[PDB]
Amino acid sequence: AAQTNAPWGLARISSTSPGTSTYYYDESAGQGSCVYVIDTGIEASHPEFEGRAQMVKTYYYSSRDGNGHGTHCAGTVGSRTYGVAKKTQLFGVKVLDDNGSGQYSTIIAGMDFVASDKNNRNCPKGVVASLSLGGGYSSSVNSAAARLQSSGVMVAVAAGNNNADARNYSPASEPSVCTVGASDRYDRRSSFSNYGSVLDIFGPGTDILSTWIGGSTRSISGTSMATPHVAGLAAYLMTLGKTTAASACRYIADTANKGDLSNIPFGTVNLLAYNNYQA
């Protein structure tokens, strides 16, 4: 399948080179997989989700995304126009408030929730969780991410926007998950992207167009935007049967574009998420 004039991030993930505009992908499009977006919520009513999104848990007064951040990330996972895996099922878990903030206790509860809740869903091709969030180092937050991964969920987490070593941020610094840095459309490390040995992979993160609340769209930047590219890619590859929740991050690194990125510090992987679609 081919989407013409795609957001640059989608085009990038289906090309060995920067600068292309068409997103090439297998028509299976992540069908049969499930992605939990653990964030500010998802505006499930957005036409771009086509009925494939639903809120399943909130830790606040409402399940509504009153911010937009979660809706943007969910859109990059699986919206029609802005999504990597355009036919996946999206599940919203609101651990962040409408200012985009959340307590670590709540974020941990949300991860534990997904580990259990997946056992009540039909997700024959597997389960992914996208965590576009984080703050300073916490062994408890890292452990929650490790548990979620161990439970059989492909966990993708943001590296953080501190232009620093991700070792000092959580859940980024949890080794057993998939820690995602951000790149821009000229294949530079995004100016804000964290780096370091714990990064597993980079995804498009600068000037990423996706869904927003109020049935709208906008372009924003962050390792928060790179993370759902990788979560969506994992879902897509799992639907194709090429990999599993336990092995998808490694598979994505195995098959990534290598050495294409600039301003990568020595000791940080130079690996950019790539779907290797061959029609």
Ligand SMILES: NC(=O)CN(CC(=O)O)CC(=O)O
Second form
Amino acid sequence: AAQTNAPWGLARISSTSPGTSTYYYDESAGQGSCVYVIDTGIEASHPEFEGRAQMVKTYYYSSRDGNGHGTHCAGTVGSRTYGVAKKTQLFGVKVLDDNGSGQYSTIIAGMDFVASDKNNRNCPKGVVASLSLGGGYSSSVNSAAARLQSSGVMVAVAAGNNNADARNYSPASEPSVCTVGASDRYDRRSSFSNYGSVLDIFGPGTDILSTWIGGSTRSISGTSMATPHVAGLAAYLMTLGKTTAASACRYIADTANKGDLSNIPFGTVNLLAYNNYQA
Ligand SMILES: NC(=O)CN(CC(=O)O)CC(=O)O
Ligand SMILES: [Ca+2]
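The structure above corresponds to the form solved without the ligand; please provide the structure of the form solved in complex with the ligand.
Now the complete complex, all chains and molecules, led by this one.
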């Protein structure tokens, strides 16, 4: 399949060079996979989600995305126009409030929730969890992300936006999950992207068009926007049978575009998420 005039990030994950405009992907599109977006929520009524989105859990007085961040991230995963995996099932877990904050205790409870809840859902191609959140180093936060991954979910987490080594942030610094840095449409490391040996992979993270609350759309930037590209890619590859939850981060790094990014520090991987799709 081909999406003409796609958001640059989508075009970028289907090309070996920057600057293209069509997103080419296999039509299976993540069908039969499931991606838990653990964030401020998902506006599942947005027409872009085509009924494929639902809230399954909130830790606040409402399950509504009053912020927009989780709806944006969910749209990069699996919206019809802005998503990598256009036929994936999306589940919202609201661990962040409408200002975008959440206590680590809440975030950890959300991760243990998903490890259990996936057992009450039909996800025959497998389960991914996208975590565009984090704060300072926490061994308990890292532990929770490791359990989620060990339970059989492909965990993708934001490297963070501190232009610093991700070793000092969580869940970015948990080695067993997939830690995602951000790039821009000229193949530079994004100005704010964290870096470090613990990064697994980069995805598109500067100026990313996606869904927004109130049935709308907007462009925003962050390792939060790169993470759902990687989460969607894993869903897509899992549906295609080319990888499993346990091995997907490795597979994506194995098959990445290599050495394309500029301003990558010594000791950080120069790998950009790539779907190797051949019409
Ligand atoms: N979402 C991100 O990675 C960074 N951004 C994105 C945004 O929310 O507009 C700022 C923030 O989170 O404060
Ligand atoms: Ca890792």
